Amino acid sequence: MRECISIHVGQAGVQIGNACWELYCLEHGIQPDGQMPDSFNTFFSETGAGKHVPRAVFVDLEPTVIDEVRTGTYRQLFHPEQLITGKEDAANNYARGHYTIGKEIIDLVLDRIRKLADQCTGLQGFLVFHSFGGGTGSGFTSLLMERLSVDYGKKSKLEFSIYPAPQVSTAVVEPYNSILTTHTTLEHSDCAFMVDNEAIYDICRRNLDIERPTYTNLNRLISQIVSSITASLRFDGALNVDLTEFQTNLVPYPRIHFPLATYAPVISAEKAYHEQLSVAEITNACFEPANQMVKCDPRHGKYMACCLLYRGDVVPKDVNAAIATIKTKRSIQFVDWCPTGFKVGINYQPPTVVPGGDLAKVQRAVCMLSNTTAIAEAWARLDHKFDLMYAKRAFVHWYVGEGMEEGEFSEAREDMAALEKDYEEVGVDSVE
Amino acid sequence: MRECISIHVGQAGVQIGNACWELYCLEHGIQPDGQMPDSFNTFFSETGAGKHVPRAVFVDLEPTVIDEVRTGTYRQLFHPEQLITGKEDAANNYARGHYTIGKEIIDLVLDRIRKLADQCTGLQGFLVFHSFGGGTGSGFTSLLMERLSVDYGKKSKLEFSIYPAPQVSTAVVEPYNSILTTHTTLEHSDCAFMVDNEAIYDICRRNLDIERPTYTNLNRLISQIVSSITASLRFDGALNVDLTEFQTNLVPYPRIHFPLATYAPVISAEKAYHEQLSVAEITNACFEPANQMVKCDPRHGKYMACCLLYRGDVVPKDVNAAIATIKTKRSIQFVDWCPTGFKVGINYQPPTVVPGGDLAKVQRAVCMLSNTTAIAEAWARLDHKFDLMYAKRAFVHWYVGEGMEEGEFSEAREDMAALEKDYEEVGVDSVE
Amino acid sequence: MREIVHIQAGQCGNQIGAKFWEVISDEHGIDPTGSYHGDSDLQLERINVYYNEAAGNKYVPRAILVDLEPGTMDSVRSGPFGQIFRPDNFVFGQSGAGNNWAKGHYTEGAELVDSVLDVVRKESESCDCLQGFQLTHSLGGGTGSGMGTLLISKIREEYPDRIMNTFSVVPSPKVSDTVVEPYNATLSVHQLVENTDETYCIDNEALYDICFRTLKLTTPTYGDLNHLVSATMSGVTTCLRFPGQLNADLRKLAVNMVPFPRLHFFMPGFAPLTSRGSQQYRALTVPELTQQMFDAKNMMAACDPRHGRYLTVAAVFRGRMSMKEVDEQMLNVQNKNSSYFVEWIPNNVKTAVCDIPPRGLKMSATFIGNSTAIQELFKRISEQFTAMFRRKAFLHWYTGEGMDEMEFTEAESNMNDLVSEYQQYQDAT
Amino acid sequence: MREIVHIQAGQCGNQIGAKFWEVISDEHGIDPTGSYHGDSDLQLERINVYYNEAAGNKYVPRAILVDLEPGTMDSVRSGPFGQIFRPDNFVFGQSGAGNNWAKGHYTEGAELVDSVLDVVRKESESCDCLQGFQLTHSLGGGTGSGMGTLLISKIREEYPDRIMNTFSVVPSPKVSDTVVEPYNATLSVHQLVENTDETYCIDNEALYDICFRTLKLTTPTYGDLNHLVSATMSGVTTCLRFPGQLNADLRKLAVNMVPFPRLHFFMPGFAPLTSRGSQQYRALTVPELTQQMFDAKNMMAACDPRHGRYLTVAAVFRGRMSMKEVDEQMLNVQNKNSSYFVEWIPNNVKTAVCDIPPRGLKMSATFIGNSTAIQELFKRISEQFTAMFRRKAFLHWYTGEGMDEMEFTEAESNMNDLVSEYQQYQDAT
Ligand SMILES: Nc1nc2c(ncn2[C@@H]2O[C@H](COP(=O)(O)OP(=O)(O)OP(=O)(O)O)[C@@H](O)[C@H]2O)c(=O)[nH]1
Ligand SMILES: Nc1nc2c(ncn2[C@@H]2O[C@H](COP(=O)(O)OP(=O)(O)OP(=O)(O)O)[C@@H](O)[C@H]2O)c(=O)[nH]1
Ligand SMILES: Nc1nc2c(ncn2[C@@H]2O[C@H](COP(=O)(O)OP(=O)(O)O)[C@@H](O)[C@H]2O)c(=O)[nH]1
Ligand SMILES: Nc1nc2c(ncn2[C@@H]2O[C@H](COP(=O)(O)OP(=O)(O)O)[C@@H](O)[C@H]2O)c(=O)[nH]1
Ligand SMILES: [Mg+2]
Ligand SMILES: [Mg+2]
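Just so you know, the sequences run in chain order A, E, F and B.
So the first sequence is residues 1 to 37, 47 to 441, counted in the deposited numbering.
So the second sequence is residues 1 to 37, 47 to 441, counted in the deposited numbering.
So the third sequence is residues 1 to 44, 47 to 360, 369 to 439, counted in the deposited numbering.
So the fourth sequence is residues 1 to 44, 47 to 360, 369 to 439, counted in the deposited numbering.
This is chain A alone, in the form it adopts within the complex:
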């Protein structure tokens, strides 16, 4: 009865959702046909028969990634009006995602959101899965977050962005799409969880012992993050935490709402043994800088707010035994105005293992959602990638020719320069 619909924008958004909705059907015993041989209600609406269908909107401006969903194993699961396609992709162009191609089907997507929201009696908020690099995940999301903030406004809109890596980039104009989508979604999103590809490349190599990980393997780990965030709605826990509680505990200022996700334990079957994985062992894993999923140095910044989302066989006394050690450590330093820098959620359900998955069946886990000062170095890189390219006015004719003003780039850069000094204003200590 605490329903929550999720939106999947771009190729990155859908391919994450192919792993997420595979995971949710295993957690609830749901077949790929929607059948099962009362806790599903936050993500599943039920038909008259015993067929459960998801509360998902898969949208892409190109039909390639959706037609793999429409012909895959989960063909029979999804409502075919929810799988929304365009004809031509936004094609790494923010202006095509926001003005040219995005305006054509934005009224079709909002019409499908509204048909889900009408059959939701307790709709808490939105889960927008997108990326900063692609044109659809940057352009169409920033078009969509404007429209949902008009139509709903007070709903808690959570974003799960694939943040672009410093040294690993798969497209050339990723510094353009990331700045232009962040200027738009800043006043419209409530909390956006940054996730990086290069860091999960590092985790699948080191922690999971995979030489050659795929995007299939990265989307399994990001599915475990969202399954741990929405674990308290879908399952009875000892200490529950709702979607409205994440934006309360992690967003000290309405500009700064960019935490970074961190999951633990990330181990294989050969390392499923050889360690006992207490709740103190997996908690010291999260504050270790090698196990985070955004390529930043948290030792080079200060945590503003952390959110430890335990699940499984977790005892609340040993939780306090774990966290109280971390406040004593010097390498994990907080900000001067924040003596109270933890939100703890305990669920009773262990994280399940998808067959063919590379994670081992553990008794307990943790999704650390830490809002830190150390992400300012990430935006300091991305402005430096923006200031090199825009000074020669490279690629601007692709964006001006699709409905954008050249002065709008300077508007987004001055706002991001205003956003960069906000972390500097918060990260310093107080006088007297």
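By construction, these hints were calculated from the structure, which means they are not laboratory data.
Taking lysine-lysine and the BS3-like style, the derived pairs with C-alpha atoms no more than 27 Å apart in a straight line are:
1) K338/F with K352/F
2) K60/B with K372/F
3) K163/E with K402/F
4) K338/E with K176/F
5) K124/B with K326/F
6) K336/E with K389/F
7) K336/A with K176/B
8) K124/B with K299/F
9) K112/A with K163/A
10) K336/E with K299/F
11) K338/E with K164/A
12) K163/A with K402/B
13) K372/B with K254/B
14) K96/A with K280/E
15) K124/A with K163/A
16) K326/F with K60/B
17) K112/A with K164/A
18) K280/E with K60/A
19) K336/E with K218/F
If you want a taste of the chain F side facing chain B, the calculated C-beta under 7 Å gives, among others:
20) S280
21) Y283
22) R284
23) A285
24) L286
We put the CB at the ideal spot given by N, CA and C, even for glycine.
Once you have looked at the hints, place chains E, F and B with the ligands on chain A.
Chains E, F and B with the ligands alone, transformed into the frame defined by chain A:
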């Protein structure tokens, strides 16, 4: 014992009746031979044996569409004196339908109406299925509605017109036949339900997912409208509504009697799942402007009276839960003099599925018969199509040469200009 | 003695009444056939008020079923308890009312009213000492509004000393179940103020809330709403059919509840009303049944009593209970809610206690409230009437049946005369 | 007589209360169904204080369960002893508090507070002579802090002569279980000083030490912490439910323990607390139960009493014990710890002795300490409040819900007014 005979004029009238009387035999278990292996009585008269024959008069001035009925699957069902043909069609000529060819067999049709009305002990009224475009459906109906208003007068005469689409027209002189039939049937019909082809083209493409719908497919949907209107006579319902109650609840002024039909749900078998179809879900389908069956914008007008005809597994509490939300919505606005703008009918029988049909077997349905201000834009188009053609006096020699005066066109146009200002007089609000 | 002829007009009155005779047959131990199958002789002591004993020891209801369409009569005679009625009583037309007051009161109903009155007069001669007639109908329909109020006008001329209580389903505030129900209700309330001794205003919106909030029925059909009305209908006459420690009848509830001959528009109420789960979590005591009645959420009319004052209140109880526990609670609601009762009527509660409970219950109640809170019931209809009549919309279906605009002006003036009277005695001191 | 309405707000108050009604049902011999299955008639002598007797000889708790999310209500009604409650009492919202005081006290909680007070007023009328209300909640949450302190403000206006004792879980010193718990506690302590007669400050850090050091539970769940609170909750009202040689109630523990109407913030304590192995290695005598209470490691609030002075001390005992052995020990702790008690209150120990022990124990105790040691409890929160408020961090989630910065300044001034009072009477001579 509440008998109701139906008249089918023109090719459009008969081809609708080929789907209607196919549908009625399935709802009552009647074979195509008239056999069945006591609720049929409103449309079926019974012979001495176990053979039930319909209360239908199929009339066309050309024999082509009737000879397909006389040789079809339902050869043995119909009384062969009811299938009335001419020799030459009216041929998209109102004057041939009303003066030249229509006067030849108008005494034959009225003689067959009277033989049905004599064996009806509780004859409520007439169901004239015709079109505005064809010469028979415009000319012969307007000849027939004059004669039935003389012979019967107080009987409730319901028309089901195929209204011509704005951009889709299959004949050239459809703006002539529509104005000339409406000037005649205005003072003689009691309530005429407008239906458009282009809107059901849109519904069969979008809602039913058919790329290539036929006139066979359109006549299935119009059959479900009439089967939902006459559902209360043919079956025991929780809240019944008779043919005399439609003209009472929907006709505020004797000029304005042109509501528009809207049916829901219109889904296929692949979308028979993936949604539960509550009575609130199908009711918000009807007031959506994309699901109406006349190409008009109801957001550009005001509803004067709506008539929600539910059927099937429908609970009357959730009916009030559905309708009370719609009076709160701003996009569905009513007229200032009408705070009470709903007539609700609940039947216990679900709408059945014809084999080979494109609709799915649902548990519940709704036929919204909404009288609105937004149909004034439809007559504003059709007068503009009339004022372009008549200013050059095109096609007038086809009509003058068959028994009509040239001044009779200006008589029909001044009356339609008087009809257009009636919606403007009603649509405004009251002073003080 | 004191026999009651039950008249059923409209689709609504036939569907309520077919549930009403399901209750009365259960209280008196009557089978679907009509033969007595109870255990106590208290059921047969006053069997005659709602039954004529036929030959072969069979009891037939004294019910007269009236409709203008034959659809409702087939639903009765083919449903359960349909074979119990006399087939002479089913007086139905063929045309249907057309959802029209004028087609029910002037055109088709006047053709059928002599077919009903000859059955009314036939039942009234078989009665030893006639108590009076009860009619079940609606105000938004055409037969229940037109044919129903025609029968009241033709009976009160023939039986002016009898009581004529109607159980009239009133149009709801939120939804409209009929486009012309402001026209049908206003032309009926013109007839009800002049020809009924008391009238029980029931809203469908209120019974939806009681089935949802109080009984926790997520899916209530009409037959679940009719079971709420039928338990109220039998509760008004339960001290006429069974012995009690303080008996009332339809005249005691008429004299005590009607201070002025126009002001006879009541709101009903019933208690106890528990769900299936929440019935073992509550004790059935007289203070519990009292506090369940006198709130707002148990009124079967959709009007808050807190926006008005009760003129007179009748609380008819059923079951073996003690009179002090009754009389303490009726005083108790008058003390703490002394602003909610009218001042110049001291002790405005009528108490009736039967000895026989309903079937399967330990004790029960029935609230009959005569408040000024139904002035909002008629302020709403006269607003919805005046908004439609000022543009003369839907008028030609009634003007075309022999009526003029003067009939609407007099009926709307009569309702605003009535609202002014409920406004008068609410503010009178 | 002297009935208590138990109110449960927040996730925490529902999880404590579901363990609390597990204790009360065990002490009174009540099954999961609600039916009495004890052996002594002393259990039913004062059954009515926490129970309404329903029909069929079943007892339902007089508990009102309040939350803003439906997750906790499903945990109660599906767990053991969940079918015993009335389903009318489960008054829950859909949104959840959002870990926000303003969304619990102004936005979502005010939409639900009338749904609770109509059940509060319904329970309060069924009571013969109302003792007063107890509320179980937290101060760091959103429903327990916002919706909970909203209920106290709306009840004390309606019932100003009754006692309103709260069992409020206070944020711990070491760990923070909520980033905005200095904001949620300070806005609640503003409400608790003006509207509660007494308040029982419980820390989660203290119960962790008691389960670890004293009970030797290496792995204590929440249900083991709730069993410590619930035995304290029943221990305060055990002389109201059972006969004793020196009876107390919630008013005797209010009059004796509150010398000034603001200074009503207590620390609880329970004894005996033994492990499974170390219970046969200790004799249960009154000098042992006394010396187990008056130390620091048995306080359920995480503040050392040796950093302050006890103003007043209530030690409620249970079990067949001798009064001289009691009265010697209460004197004995006042002699040797005369610097640890306040000087200008001579003989500052209230003694209550019940005759009925807890289940499975020979005798027991319950410590209720009103010390100046909780000034360190509010010196810590007002320091953590001022550190966050001086940068206005996390303020727009509360300013955006209709609040200003003036509400925070007045609530922080009210707490520093309170700390100055505990500092005053600690140094007063
Ligand atoms: N974590 C993760 N990232 C992905 C995955 N697939 C694509 N991406 C990222 O998505 C970014 C580009 O966005 P896309 O989704 O491919 O493009 P788009 O959003 O559809 O926009 P278009 O350019 O119009 O196609 C790249 O930087 C990839 O790293 C995936 O399966 N998992
Ligand atoms: N909805 C629907 N419309 C039809 C169908 N068949 C024909 N029409 C419509 O009928 C209109 C023309 O009227 P017809 O019935 O074909 O011609 P007529 O009424 O026989 O008059 P004549 O011109 O003399 O033949 C066209 O605009 C078609 O759109 C049908 O099966 N279904
Ligand atoms: N409470 C209740 N009301 C009903 C029932 N059936 C119909 N109604 C009401 O009766 C009104 C319809 O009047 P009706 O008698 O059917 O119209 P008529 O046949 O033209 O007289 C509507 O306003 C319905 O709300 C029922 O079973 N219970
Ligand atoms: N002692 C105890 N404290 C609890 C328990 N459950 C939650 N808490 C405390 O309650 C606080 C959370 O408040 P909560 O009511 O869950 O938040 P809300 O739902 O927004 O009102 C945390 O500080 C926890 O320490 C429990 O079972 N026992
Ligand atoms: Mg793409
Ligand atoms: Mg033709």
